[PDB]
Amino acid sequence: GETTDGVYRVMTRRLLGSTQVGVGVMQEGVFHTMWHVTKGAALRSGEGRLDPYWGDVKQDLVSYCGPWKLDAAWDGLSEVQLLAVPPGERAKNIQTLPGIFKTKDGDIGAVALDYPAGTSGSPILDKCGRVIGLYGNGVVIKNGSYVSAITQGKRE
Amino acid sequence: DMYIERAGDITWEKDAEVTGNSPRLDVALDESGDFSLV
Ligand SMILES: O=C(Nc1ccc2c(c1)CNC2)c1cc(Br)cc2[nH]c(=O)[nH]c12
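If you read the protein sequences in the order shown, they are chains A and B. Using the numbering used here, the letters of the first sequence map in sequence onto residues 123 to 278. Using the numbering used here, the letters of the second sequence map in sequence onto residues -7 to 30.
Keep in mind that the hints are not guaranteed to be accurate.
To be verified - Listed below are the simulated DSS-like cross-link pairs for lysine-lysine, each with C-alpha atoms no more than 30 Å apart in a straight line:
#1 214(A) - 191(A)
#2 180(A) - 264(A)
#3 191(A) - 264(A)
#4 6(B) - 191(A)
#5 249(A) - 6(B)
#6 191(A) - 226(A)
#7 276(A) - 6(B)
#8 6(B) - 214(A)
#9 264(A) - 214(A)
#10 214(A) - 180(A)
These are calculated hints, taken from the structure and not from any lab test.
Looking at chain B on its own, in the form it has when it is part of the complex:
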C-alpha cells in the first residue's frame, strides 16, 4: 500500500535558483504514454 506525506506549499519563490536550457526536440508519443526522439 502506497501513502502520501505533505511536502510543502505551492508558491512561486522570488530569487530562486535559475538553471536549465530550452531545447526544441522532435518527439513522438506512443499508446503507452512513452516519448521517443525522431
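The following block holds chain A by itself, in its conformation from the complex:
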C-alpha cells in the first residue's frame, strides 16, 4: 500500500499488544531496515505486502521490493543527525559528532547515543538530509551505554 518516502516504525502483534521491534527507511520504492529487526520475514503495509529482496546477516541489513538504494557516506569530519524513532515516542533529530570503530578491515563511523533496541533501523543523516547509514548495530561499553556503528549498504 503506502510507499511514500520517509521513516517508518516496524511493529509486531505476536507479543502482548503492539510492540515496536525496529525502524526503517522508505526510498525509491524500497524499504531499508536492519536484519535483526525482521530476520528476513515479510512485512505488511496496510493491505499490501513487502517481500525481502536482498539481505546479509554480517552487514546486518535487508532491503524490501528492490535493491539497497542508500549510498551516502559519512565524510569523517562533520556532525550528523540520528533521526531516532523510539518505541511509543515521536520521531526526533539528535545532532552528534561520531566517533570511530577501528576494525581489522578499516574504520567505521560510530554514534554514541543510547536508545531502546526497538529504535534499531533509525536513519543517520548528513547536513543534506541524505541517509549515511542505520543505527542499531554496535557494542556495549564499560559504562553500560550503547555505541552503534553508522551501518551503510552497497548500491549496485
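Guided by the hints, dock chain B with the ligand onto chain A, whose structure is given.
For chain B with the ligand alone, kept in the frame of chain A given last:
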C-alpha cells in the same frame, strides 16, 4: 506478521539537540554480524 507505520520525513533539523561523545573503540565483527571490544 510484522507491519509498518509512517513515522515522519527524513530531513535535517536546524537547532536540533546536540549531545553524545565521539569515542574511538577497538572492535571486532564476527560472522553473525555481532561486534565486540578488543
Ligand atoms: O542489540 C542490539 N542490536 C542488535 C541486536 C541483534 C543483532 C545485532 C544487533 C546484529 N546481530 C544480531 C541493540 C540495538 C540498540 Br538501537 C540498542 C541496544 N542496546 C543494547 O544493549 N543492545 C542494543
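So, going through the hints one by one against the coordinates:
1. 214(A) - 191(A): holds, 23 Å
2. 180(A) - 264(A): With a Cα-Cα distance of about 24 Å, the restraint between residue 180(A) and residue 264(A) holds, given a limit of 30 Å.
3. 191(A) - 264(A): violated, 35 Å
4. 6(B) - 191(A): holds, 26 Å
5. 249(A) - 6(B): holds, 9 Å
6. 191(A) - 226(A): With Cα atoms ~27 Å apart, residue 191(A) and residue 226(A) stay inside 30 Å; holds.
7. 276(A) - 6(B): The given pair, whose Cα atoms are some 29 Å apart, holds under the 30 Å limit.
8. 6(B) - 214(A): holds, 12 Å
9. 264(A) - 214(A): holds, 27 Å
10. 214(A) - 180(A): holds, 28 Å
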